[PDB]
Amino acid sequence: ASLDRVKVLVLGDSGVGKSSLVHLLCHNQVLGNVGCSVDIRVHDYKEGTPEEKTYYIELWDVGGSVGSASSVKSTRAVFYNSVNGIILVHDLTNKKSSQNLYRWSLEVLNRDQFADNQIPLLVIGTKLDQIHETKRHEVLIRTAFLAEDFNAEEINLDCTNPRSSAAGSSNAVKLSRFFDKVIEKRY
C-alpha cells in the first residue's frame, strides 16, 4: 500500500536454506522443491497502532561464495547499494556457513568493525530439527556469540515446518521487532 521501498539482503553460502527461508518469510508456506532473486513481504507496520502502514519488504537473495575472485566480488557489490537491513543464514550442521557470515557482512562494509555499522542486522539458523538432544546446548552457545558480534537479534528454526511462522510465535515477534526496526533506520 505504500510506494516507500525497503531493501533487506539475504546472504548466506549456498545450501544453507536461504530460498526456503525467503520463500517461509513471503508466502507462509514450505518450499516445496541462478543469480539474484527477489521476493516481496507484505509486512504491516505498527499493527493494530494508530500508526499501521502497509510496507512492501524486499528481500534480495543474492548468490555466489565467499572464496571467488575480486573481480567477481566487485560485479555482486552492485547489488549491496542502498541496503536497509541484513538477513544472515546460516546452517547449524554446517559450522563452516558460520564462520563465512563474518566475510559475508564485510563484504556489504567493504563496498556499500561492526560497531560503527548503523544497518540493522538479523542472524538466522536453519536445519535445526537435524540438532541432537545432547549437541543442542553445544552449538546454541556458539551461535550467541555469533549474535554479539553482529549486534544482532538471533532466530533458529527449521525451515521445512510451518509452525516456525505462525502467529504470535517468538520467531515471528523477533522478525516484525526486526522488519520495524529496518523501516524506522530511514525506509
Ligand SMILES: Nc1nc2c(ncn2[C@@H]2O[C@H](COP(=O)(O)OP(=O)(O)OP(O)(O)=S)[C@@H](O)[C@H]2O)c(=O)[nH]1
Second form
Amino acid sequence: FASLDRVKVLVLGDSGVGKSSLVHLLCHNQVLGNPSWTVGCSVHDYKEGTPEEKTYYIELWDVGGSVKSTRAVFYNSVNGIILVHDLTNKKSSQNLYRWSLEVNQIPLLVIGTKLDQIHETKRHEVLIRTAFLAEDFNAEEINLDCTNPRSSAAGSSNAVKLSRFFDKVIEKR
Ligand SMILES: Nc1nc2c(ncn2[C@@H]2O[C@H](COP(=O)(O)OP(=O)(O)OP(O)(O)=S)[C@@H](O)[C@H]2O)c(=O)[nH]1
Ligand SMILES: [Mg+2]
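Got the form solved without this ligand; any chance of the form solved in complex with this ligand too?
Now the full complex is given, and it begins with the chain already shown.
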C-alpha cells in the first residue's frame, strides 16, 4: 500500500547548523547529495496501524544558502518546512523567521541541533527558550544530536513528533 502523492519538505537554516547531518539522520542515509543540492527519502507510514495506512516517500531537500544567497528555484511545490537552528548559536534561531519568508497554511517543524554540546546546567534555559521559539511558528519542537542515530529512534518521543508533523503535511496538502 504505497502512495504516489508527492510530499516535498524543505530543510532550511543557517550554514553549519547541521542540515545535511539531519537529513542523513532522518532518512537513514538514503540520501543523494552534492555541493549544490541534497535530497533524502524519509519513508513514512501515514496513519499507521489503521486500515487507512499508506506508505509515503517524503522528499527532504537541503539546498543551503543564506538569508544573501537565494536558492528560490528549489522552493517550488513545497508542502512542509523544517526550520533548523544550532542550540549553541542563538543567532541561528533569530534567522528562522527570515528563512520562513523565503517560501499561512504550510506546516512547520522547529529542530534544534547539537543538544549534546549543551551542559546539563545551561540546558534548562536553552530549552525554555526553544519552546517559546517553536510557539512563534505554531510548530512543535525537536531538540537532538544529529550524529546520534538513537536521536530519532522508532517509538521515541522525537519520532512521534516527527511522525505527527509528516501526518499534518500530508493532510494539509
Ligand atoms: N556534536 C554535534 N555535531 C553536529 C550536530 N549536527 C551537525 N553537527 C556537525 O556540525 C557540522 C556542520 O553540520 P552539517 O550537517 O554539515 O551542517 P549544514 O547545515 O548542512 O552546513 P552547510 O554549510 O552545508 S549549509 C558537521 O561537522 C557536523 O558533524 C549535532 O547535533 N551534534
Ligand atoms: Mg547542507
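Positions refer to the first chain, counted from 1. If you superpose the two forms and keep the largest set of C-alpha atoms that fall within 1.5 Å, you have the rigid core.
- Taking 2 Å as the criterion, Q130 does not count as shifted between the two forms: its C-alpha moves by less than this amount when the rigid core is aligned.
- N28 is among the residues whose C-alpha shifts by 2 Å or more between the two forms once the rigid core is aligned.
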